[PDB]
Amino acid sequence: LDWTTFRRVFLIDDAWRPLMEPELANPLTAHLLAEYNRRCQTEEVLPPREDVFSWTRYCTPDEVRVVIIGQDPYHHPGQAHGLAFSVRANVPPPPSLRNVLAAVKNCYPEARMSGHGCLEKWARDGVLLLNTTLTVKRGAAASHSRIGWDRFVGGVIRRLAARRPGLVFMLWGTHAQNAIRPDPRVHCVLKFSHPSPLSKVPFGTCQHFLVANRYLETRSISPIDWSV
């Protein structure tokens, strides 16, 4: 029971099986898994185990329209919940996320912004919010960056992109842009500087949300309601 067992430990939705099962078999994956489990033995690991793969539960691969790439989970307890950038509902949007939500509003002023930072509505709408590193040691940013999550995540994104052409990729910042390099002739690849206020260009100027909807429409795919 390799897939059966794996899926039980992380509570993964079965619709992702075709995309993830091939990875289970890679010997590099076993090292990754054992290392994640060793860390859990010796430190406070976030997000909680049943949240690590929450993104498999919001929508299926065939429902995915946009892919937004992040780095690693928020390192303070109570913030991260398995999605890149998103925080639990009663957690005030941190700096980078505020800039994202600011950009959406500039792009779509008729947007119903709730003022919250939980992006579950987006996730259910086929916006895949995927971090390249899926866990972090409490308080230490980037502490799990070399254990192997990115090879595994990249593997899943490669299989998703091949399964369906015409995806929109939103690569913000140097790391996201160096980690995932989709065929720009087959998918819509949108690049911008990192959303943090420390970037030279203010993220609120980003118009990726507009351009994305313009691409989807020319493909007869329905556009996203970026309200959240």
Second form
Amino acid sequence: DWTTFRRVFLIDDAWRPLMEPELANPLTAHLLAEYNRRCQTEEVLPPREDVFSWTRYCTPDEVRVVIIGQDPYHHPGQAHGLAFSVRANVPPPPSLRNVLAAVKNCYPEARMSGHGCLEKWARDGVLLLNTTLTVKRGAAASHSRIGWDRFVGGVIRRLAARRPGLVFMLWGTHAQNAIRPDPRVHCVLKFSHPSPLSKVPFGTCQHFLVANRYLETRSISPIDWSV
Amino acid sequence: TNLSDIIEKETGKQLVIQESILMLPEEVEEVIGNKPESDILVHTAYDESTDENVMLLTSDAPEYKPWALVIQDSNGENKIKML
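The block above covers the form solved without the partner chain; next, return the form solved in complex with the partner chain.
Okay, now the whole complex, with that chain kicking things off.
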């Protein structure tokens, strides 16, 4: 089962202890069933090889910051398995441009590439994790009810218990209500969604600055937010 | 189809929706002025020419019923049109 699951999804082994306990849940078996019945009659994004690419850039112990997203971008070519991130040959969507805007404001000394591929951050310990891992091409929130969130929740719960001192950036009410980490053990940062509709301009968000100031106090080095 | 066509019927422009963000009535009520009945999917496209963000707010999947259209200019100013 773990060897087969890990097979199908090309999941990295470092994540075995946090994920394995979840397969044994009957609700997980059905989730995988619902996923497989769907790939047969619908174009599902992102590709199977990318659905768990977040387990591949750093180990659970290397994680420093966890940023939560909703579902993956639904136009082909955009999503590659990370929250907010877009492949390098795709223009950064509106919410990403604001996230990247908030970064340059906190760190004006930063040389940004103008691009939106966040794999540099992932390698540094920033876990960009959606709560709904797949979406049907062209339909938003199409797989939002098949159970990805109960699963992802299970993994985050374990991660938070295994490694104290994680910084969580929860953007928008949905993300805030979804993940409820212990605030005495972790730095929980909340803000309005980076979307341009938000009442407060996200470019005024200083989470990247506070996250690093926190990491400084626990003796962990700061993340280089430039991308 | 549907959604993008609406943006064209309303703006004339053939814009491609780039992301769809889920917001709760309270997060929306705060900006649009009115409170929707349910959760809102904000579909956002960007018209680079005019440098405006065209947001088509519909209801959640699988209904996706159009509720309001919002055009925000380079200076953050909104033009709201309840559909």
